[PDB]
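Given next are the chains, with one letter for each unit.
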Amino acid sequence: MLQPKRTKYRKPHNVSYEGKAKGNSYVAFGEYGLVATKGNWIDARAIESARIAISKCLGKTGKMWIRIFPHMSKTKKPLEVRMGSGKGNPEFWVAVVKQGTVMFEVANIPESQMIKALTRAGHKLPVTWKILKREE
Amino acid sequence: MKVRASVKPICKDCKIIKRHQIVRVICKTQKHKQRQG
Amino acid sequence: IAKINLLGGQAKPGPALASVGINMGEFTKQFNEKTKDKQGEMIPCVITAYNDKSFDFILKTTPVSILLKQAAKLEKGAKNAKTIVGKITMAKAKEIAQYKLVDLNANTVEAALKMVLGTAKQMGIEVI
Amino acid sequence: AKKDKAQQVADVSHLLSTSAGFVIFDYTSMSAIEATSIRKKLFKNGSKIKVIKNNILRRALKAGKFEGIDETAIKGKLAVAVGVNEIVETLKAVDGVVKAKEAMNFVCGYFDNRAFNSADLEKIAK
Amino acid sequence: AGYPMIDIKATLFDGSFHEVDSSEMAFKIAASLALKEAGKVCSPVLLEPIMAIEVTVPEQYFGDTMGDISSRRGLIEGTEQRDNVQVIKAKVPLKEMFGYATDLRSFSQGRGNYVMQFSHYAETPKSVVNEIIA
RNA sequence: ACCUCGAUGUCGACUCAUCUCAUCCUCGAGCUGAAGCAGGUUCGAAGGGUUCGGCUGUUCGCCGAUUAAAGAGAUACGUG
RNA sequence: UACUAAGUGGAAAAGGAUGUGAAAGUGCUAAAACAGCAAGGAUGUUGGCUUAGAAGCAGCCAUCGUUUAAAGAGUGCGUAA
Numbered sequence: 001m002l003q004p005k006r007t008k009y010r011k012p013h014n015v016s017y018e019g020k021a022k023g024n025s026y027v028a029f030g031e032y033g034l035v036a037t038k039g040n041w042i043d044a045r046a047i048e049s050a051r052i053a054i055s056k057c058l059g060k061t062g063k064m065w066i067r068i069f070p071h072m073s074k075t076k077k078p079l080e081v082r083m084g085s086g087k088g089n090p091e092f093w094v095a096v097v098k099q100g101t102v103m104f105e106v107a108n109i110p111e112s113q114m115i116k117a118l119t120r121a122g123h124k125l126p127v128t129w130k131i132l133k134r135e136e
Numbered sequence: 001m002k003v004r005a006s007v008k009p010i011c012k013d014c015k016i017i018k019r020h021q022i023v024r025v026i027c028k029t030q031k032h033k034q035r036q037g
Numbered sequence: 009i010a011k012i013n014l015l016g017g018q019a020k021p022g023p024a025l026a027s028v029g030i031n032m033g034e035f036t037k038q039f040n041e042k043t044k045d046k047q048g049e050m051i052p053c054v055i056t057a058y059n060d061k062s063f064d065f066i067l068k069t070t071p072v073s074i075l076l077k078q079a080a081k082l083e084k085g086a087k088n089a090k091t092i093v094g095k096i097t098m099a100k101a102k103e104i105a106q107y108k109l110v111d112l113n114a115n116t117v118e119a120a121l122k123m124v125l126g127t128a129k130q131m132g133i134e135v136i
Numbered sequence: 003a004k005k006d007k008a009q010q011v012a013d014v015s016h017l018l019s020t021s022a023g024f025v026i027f028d029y030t031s032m033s034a035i036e037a038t039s040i041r042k043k044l045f046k047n048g049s050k051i052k053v054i055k056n057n058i059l060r061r062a063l064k065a066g067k068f069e070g071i072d073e074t075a076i077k078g079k080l081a082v083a084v085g086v087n088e089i090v091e092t093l094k095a096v097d098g099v100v101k102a103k104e105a106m107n108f109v110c111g112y113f114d115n116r117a118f119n120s121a122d123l124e125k126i127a128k
Numbered sequence: 552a553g554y555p556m557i558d559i560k561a562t563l564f565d566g567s568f569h570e571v572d573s574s575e576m577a578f579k580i581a582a583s584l585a586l587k588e589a590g591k592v593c594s595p596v597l598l599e600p601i602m603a604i605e606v607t608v609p610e611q612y613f614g615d616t617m618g619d620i621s622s623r624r625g626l627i628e629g630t631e632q633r634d635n636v637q638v639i640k641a642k643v644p645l646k647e648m649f650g651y652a653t654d655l656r657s658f659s660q661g662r663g664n665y666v667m668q669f670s671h672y673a674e675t676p677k678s679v680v681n682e683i684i685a
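Protein chains in written order, with the deposited numbering: chain l, 1 to 136; chain 2, 1 to 37; chain h, 9 to 136; chain g, 3 to 128; chain 9, 552 to 685.
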C-alpha cells in the first residue's frame, strides 16, 4: 500500500487497459523479470502482500525492483444503494498492467532460489506470468 | 487419501503416473500420497 | 562388527562392542590391563566376524589428531578455521605425518605431509 | 571421448612394452580397504597398481603382440599390475596376495612374456 | 503475585521526611507502595527450581525416556553408564515432572524408577514467564 | 423494472410430501503426532431413517429431556 | 493429407501434468550408449567445534588432500551416538 500523497482530482476515469504496453516491457536493474501475457487491474493490498512475501524469503544481498505503481482511483458505493445519484467514495488504489508488461525485476543472488521465489510471489498476482531473462 | 487441485512430489523418490486419465503419485512413505490432480 | 571412536583405556563407553558377543567386564579389564601401555589414547577399536564371536578384537595403528591440537599450543579446538593459533614448525607436522603414515594406506611421505596440512588447514593452523 | 581413448591406448601400450613381465589378475571381492592394503603391501616394490577398462586393455594387448587376446574379456574387476623396473618383488607380492586371498583366477599376462599357467608362476614367485 | 524475592540488595539513594511530621510506619508503608509501581514496570523474570533426575535403565527402552526428557525442556546428548547399566542424569524443571513421573513409568513398563534431589534454582525462559499471570 | 394491475392471495403452523448432495445417521476406504476404546480429516455412496416439549404469532433463536443423528436447501422463500 | 483415443467435438478459469504429434539446437554411442544385475564405494575422518556422551547423515567452521577407472566431512533413512 503506497498511497499517493496528493491528487489533483478524486474520482477520475479508470483506464482503457487493452492494447499493447505503454512501456515497462524492458528490464533495467534486475537479472530476472516477471512479465505478464495480458493486462488487468492490480489492487494495493495484493502488491504489499506480494512484496513482503518476496522480501521475507529474499536473502541479504539480492535486490528487487517494482515497475508499477497504483495511479488510478476507484469508486465502490456502499451496499444496498441504487444505481445513480452522483459518484461514491475512493476505497483503494489500482495499478494498470497492459499486455506484455513486466512487474518485478530481481538481481544479485543465485538463480534457482530466485525463480522459486518469483513463482511463489507471482502466484499472489491475478494475471498469469512468465519468467524473462536479463537483457544485455 | 489426499485431494488437491495440483500434485507435486515434495519428497524425492515419488513417481507420477496416470491411470484412467487420473494422475497419481506414489512414494514409499504413505504420507506422500496424493490422488486428485 | 563395531565402529566407534573412544579412549584406549576403559571399554565402558562401548555399547556396540559389548553387543555383538563380547562381554563388557571380563574384557574391559583386559583392555585396561594389556593396553595400559597406551592407556588414555583415542583409538578406533573394531571387532571382526569370527566363528565363536566371543573374542575377535583389533585396533587400527594409532592415529593421533590430538597431537596436532596440542602442537597448536592449545587444548580446546577452535570452532572457526581462519584464525592462526600458535606458531607450529615443520618438526611437529613431520613427527605426526611419519607417525600416521602407517595408518594412511598410501605409502607416500610428501603426500602424507600434504594431507596432514589439509586436515590442519581446516583445524585452524598453517604449517611453516 | 575418442581423443582421450587414443591417448590412453598409447600410454598403456608404452607402459606395457617398457616392462618385460606383466600380469593382470581380477580378485572381484575387492573391497577398496583391501585394495589399498595390498597397495601398501606392494610398497618398496617398483610395480604401481592401476585399474583400466577391459576394452582398452584388450586393445592394448592386441597392439602389444602378446598371446591371450580374448582371455581378458572374462568377467571380473581387473587390477593391472605391470612391475616397474625390478620385477621379482611384484611377483612375490602377487603370490602373497593369492596366498592371502581365498582364490583369485588367472586373468592374463606372464613373467617374461610367454603366457602359461599360475602353477609355474607359483614356482617362480614362491 | 507474591513470589519469593530471595537475596536482593537495597540501596536507599535519596529520601526526605517532615521535621515535626512523617510518622515512621508510613516510611515502611510507602516502602511497599513505590516498589509495586516500578515493580510493575520492571517486568520481572522468574527463577525455576531445576533438579537432577537419575534414571537407571537397561539401555533397551531409553528412547522413550530420552524423548520425554527432551520434551520436558532438558539437556540430553548421550548416556553415562555404570559399566554395566546406564544411570543417566538429566536437568529437569519441577513445573512438569509430576506428570512426567507416570509418563516415564508407562514408557518403560514400570521397569525404571528414579530419585528426586534438589539441584538449584536456574533462570527461566520467556515461555515460562508468559504464564506468570492470567 | 421485462412480464402481471377489466386481480399474480403475502407470514406461520397442520396433512401430504417430492427432489438435489456440499452426508446428520447407517455403509465401505485411505491417511494420521491412530496401543485399544475413542478419536480428527478426506474419499465414493441420496435406497432408508432424520424426536418430543416450555418461551414469543412463527421460521431465526434460547433452554429442557433424550436419539444411530436430532442433515443443508429448493418446489410462487411447496400446497387459503 | 496429418492430428486427437478424452465423446474433446457438443460450456470457458487461476493452477497442475514421465499425454500426444511438429520443429529448432545440443551430448553420448558399435573401441557398444541409457539402464537393471554382479563387484566395490577407502583414507587423515566421532576432521575442528557444539554437547559429559552428536562426528559421512540434531546444530556451526573448513565442506580439503591422498591410493586411485572410483569414492562425496557424503543422497537420504535409522540410532541418545
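Mixed in with the good hints, there may be bad ones.
Some chain g residues judged to face chain h by a derived CB distance under 8 Å, without partners named [as the list claims (entries may be wrong)]:
1) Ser39
2) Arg41
3) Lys42
4) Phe45
On the chain 9 side, residues computed to face chain h include the following (Cβ under 8 Å) [as the list claims (entries may be wrong)]:
5) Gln611
6) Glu628
7) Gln632
8) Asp634
Label-pair distances were calculated between CB atoms; the ranges are [unchecked claim]:
9) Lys50 (chain g) / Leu75 (chain h): 24 to 34 Å
10) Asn115 (chain h) / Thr20 (chain g): 32 to 42 Å
11) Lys46 (chain h) / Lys12 (chain 2): 43 to 53 Å
12) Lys60 (chain l) / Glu41 (chain h): 33 to 43 Å
Think of the hints as simulated: they come from the structure by calculation, not from any bench. A virtual CB, placed ideally from N, CA and C, is assigned to each residue, including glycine.
To see whether the hints hold, each was checked on the structure:
Taken as an interface hint, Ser39 (chain g) checks out: its beta carbon lies about 6 Å from the nearest beta carbon of chain h, inside 8 Å. This hint holds: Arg41 (chain g) has a C-beta 7 Å from the nearest C-beta of chain h, less than the 8 Å allowed. The beta carbon of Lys42 (chain g) is positioned within 8 Å of a beta carbon in chain h (closest approach about 5 Å), and the interface hint is therefore held. Interface hint at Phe45 (chain g): satisfied, since its Cβ lies 4 Å from the closest Cβ of chain h, which is below the 8 Å cut-off.
About 11 Å separates the beta-carbon of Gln611 (chain 9) from the nearest beta-carbon of chain h, more than 8 Å, and the hint is not met. A least Cβ separation of about 14 Å between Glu628 (chain 9) and chain h goes past the 8 Å threshold, and the interface hint is therefore violated. Taking 8 Å as the C-beta contact cut-off toward chain h, the hint placing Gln632 (chain 9) at the interface holds, the least distance being around 6 Å. The criterion of a C-beta within 8 Å of any C-beta in chain h is met by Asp634 (chain 9), whose closest approach is roughly 5 Å, and the hint holds.
Separated by about 31 Å at the C-beta atoms, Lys50 (chain g) and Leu75 (chain h) satisfy the suggested range of 24 to 34 Å. Take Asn115 (chain h) and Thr20 (chain g): their Cβ atoms lie about 22 Å apart, and the range 32 to 42 Å is violated. At about 45 Å, the beta-carbon gap between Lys46 (chain h) and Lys12 (chain 2) stays in the expected band of 43 to 53 Å. The given range of 33 to 43 Å is broken by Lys60 (chain l) and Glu41 (chain h), whose C-beta atoms sit roughly 58 Å from each other.
When the structure is compared with the earlier hints, violations turn up for hints 5, 6, 10 and 12 and for no others.
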